[PDB]
Amino acid sequence: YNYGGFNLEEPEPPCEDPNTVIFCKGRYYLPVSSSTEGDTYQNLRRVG
Amino acid sequence: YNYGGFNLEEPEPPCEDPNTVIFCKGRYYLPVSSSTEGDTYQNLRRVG
Amino acid sequence: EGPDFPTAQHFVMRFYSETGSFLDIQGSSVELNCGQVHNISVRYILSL
Amino acid sequence: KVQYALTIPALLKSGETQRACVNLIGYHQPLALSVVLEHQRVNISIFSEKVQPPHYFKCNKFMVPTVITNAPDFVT
Amino acid sequence: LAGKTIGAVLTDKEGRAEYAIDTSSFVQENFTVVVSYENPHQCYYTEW
Amino acid sequence: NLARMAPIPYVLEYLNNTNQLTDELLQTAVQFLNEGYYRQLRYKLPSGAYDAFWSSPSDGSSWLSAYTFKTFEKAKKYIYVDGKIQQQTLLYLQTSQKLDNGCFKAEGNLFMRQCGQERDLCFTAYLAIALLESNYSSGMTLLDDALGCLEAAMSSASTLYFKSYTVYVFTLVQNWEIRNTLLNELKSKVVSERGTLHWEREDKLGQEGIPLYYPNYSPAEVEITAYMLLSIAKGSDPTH
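Protein chains in written order, with the entry's author numbering: chain A, 626 to 673; chain B, 626 to 673; chain C, 434 to 481; chain D, 22 to 97; chain E, 386 to 433; chain F, 962 to 1201.
Keep in mind the hints are simulated off the structure, nothing from the lab. C-beta atoms are modelled at their ideal positions from N, C-alpha and C, and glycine is treated no differently. Mixed in with the good hints there might be a few duds.
[What the hints assert, rightly or not] Derived PhoX-like pairs (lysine-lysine); straight-line CA-CA distance at most 20 Å:
id: 1; chain 1: A; residue 1: 650; chain 2: B; residue 2: 650
id: 2; chain 1: F; residue 1: 1045; chain 2: D; residue 2: 34
id: 3; chain 1: F; residue 1: 1037; chain 2: F; residue 2: 1059
id: 4; chain 1: F; residue 1: 1005; chain 2: F; residue 2: 1037
id: 5; chain 1: F; residue 1: 1124; chain 2: F; residue 2: 1066
id: 6; chain 1: F; residue 1: 1059; chain 2: F; residue 2: 1124
[Unchecked claim] Have a look at the derived ranges for each label pair, beta carbon to beta carbon:
id: 7; chain 1: F; residue 1: 1055; chain 2: A; residue 2: 663; range: 23 to 31 Å
id: 8; chain 1: F; residue 1: 968; chain 2: E; residue 2: 433; range: 54 to 62 Å
id: 9; chain 1: C; residue 1: 442; chain 2: D; residue 2: 82; range: 43 to 51 Å
id: 10; chain 1: A; residue 1: 663; chain 2: E; residue 2: 388; range: 19 to 27 Å
id: 11; chain 1: C; residue 1: 442; chain 2: A; residue 2: 646; range: 54 to 62 Å
id: 12; chain 1: D; residue 1: 85; chain 2: C; residue 2: 468; range: 35 to 43 Å
id: 13; chain 1: C; residue 1: 479; chain 2: F; residue 2: 1000; range: 54 to 62 Å
id: 14; chain 1: E; residue 1: 429; chain 2: F; residue 2: 1055; range: 54 to 62 Å
id: 15; chain 1: C; residue 1: 442; chain 2: F; residue 2: 995; range: 32 to 40 Å
id: 16; chain 1: D; residue 1: 85; chain 2: C; residue 2: 438; range: 56 to 64 Å
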């Protein structure tokens, strides 16, 4: 999207706190992720 | 339950690992628990 | 100073989808001629 | 619930006919739509159609007015 | 509960206030609640 | 630094049109605006945003952002600046306009807020007036939705000095019937002083308290006087 050096991308939405705890079924649950993962955003932004 | 030098308590079951990662519906989650809580097991063992 | 037999490792990354429903193409190593309708194949899964 | 899909290149090419497409779905009743491009002076009317029950995905033509310079603008 | 005032309850003419605090949607772990009497009128004077 | 440097191009145009001026002052002005140019640009977000702090995920300060916008725009007529950066700045700021009925929403959290009492309509008009003086024509839908939100706010409510801003807003586009429609009240709020006439801000709220911190009496009445000056500086056709 940086075309002629023109950004054109939306800003990245706000983050989530890493400490709030969740329960659904078993023990208590804390979010975690990879830094680099694949989605529709990453499958696009290649075509653009 | 510890009466007259007699324990009568059965041993605790096996523990869980601190790194198994499970996803259910949204984010990606790790175990956590509090020692200081209450179960029916501690509900009993107070009466006898 | 290599291994004592032909060997090769591949490192790959995972995709993401919140509910789980998957799209892939059967990649083809072939050029497709003009004006000839072609029926390249796509596989999918879908979650409850 | 109504939902839609806007399909447009981010890099417009000057002076030639281009495509833009949309994928409305979810609605039931008739609706209206309006697709506009923001030229630095004028608006454009790529899609301004009435909508009749669901399952509308339509792709269409338009012409780019020439500009002497590369310029980011808006589509609505 | 934590820092937010929710009670604002009038007594039963003899100082026996009772309050029904919601417990749904709580996954909290410590939960030290506290109760207060705020009134800028009584003959009361900070001592210790 | 940006605040202190902003008035110099204006005193420069004052020096010119007043026709008392000298080349050494001109070139000193050029070099001062040169370090102004170079010095703050380096604190530009890749988004094109600008912020007093120095952390990229931190954002906002749209007021100072548009301030940069207009300041560099004014400097342009006396020295070259990139316009690509200007357009990316537009790109950053238009993110704040994603309101259909709400037109624009303001956000104020900095080391010194403005005389406004935090009503997004006011700073919306501020953004609009900064916009209008640009190097572009009416084909900026920012103009469109700005004027729409205006005409929505006009006949309904609002305070005096917002309306005052809207005065010059309509003067520059020369939508000269609402301009009189509101200039009547504008003029009516005059105050008579010694051989003089001017406007003094209404002081409904008393001395500063726990929430009241900035005594914006004199600067606000000054800005209102000046904006009235400009608006009446151009009647639609006539000036007698």
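Hints and how they fare:
| no. | hint | result |
| --- | --- | --- |
| 1 | A/650 <-> B/650 | holds, 11 Å |
| 2 | F/1045 <-> D/34 | holds, 19 Å |
| 3 | F/1037 <-> F/1059 | violated, 29 Å |
| 4 | F/1005 <-> F/1037 | holds, 18 Å |
| 5 | F/1124 <-> F/1066 | holds, 18 Å |
| 6 | F/1059 <-> F/1124 | violated, 23 Å |
| 7 | F/1055 <-> A/663: 23 to 31 Å | holds, 30 Å |
| 8 | F/968 <-> E/433: 54 to 62 Å | holds, 59 Å |
| 9 | C/442 <-> D/82: 43 to 51 Å | holds, 50 Å |
| 10 | A/663 <-> E/388: 19 to 27 Å | violated, 42 Å |
| 11 | C/442 <-> A/646: 54 to 62 Å | violated, 38 Å |
| 12 | D/85 <-> C/468: 35 to 43 Å | violated, 29 Å |
| 13 | C/479 <-> F/1000: 54 to 62 Å | holds, 57 Å |
| 14 | E/429 <-> F/1055: 54 to 62 Å | holds, 58 Å |
| 15 | C/442 <-> F/995: 32 to 40 Å | violated, 57 Å |
| 16 | D/85 <-> C/438: 56 to 64 Å | holds, 59 Å |
Violated hints for the displayed structure, listed by number in ascending order: 3, 6, 10, 11, 12 and 15.
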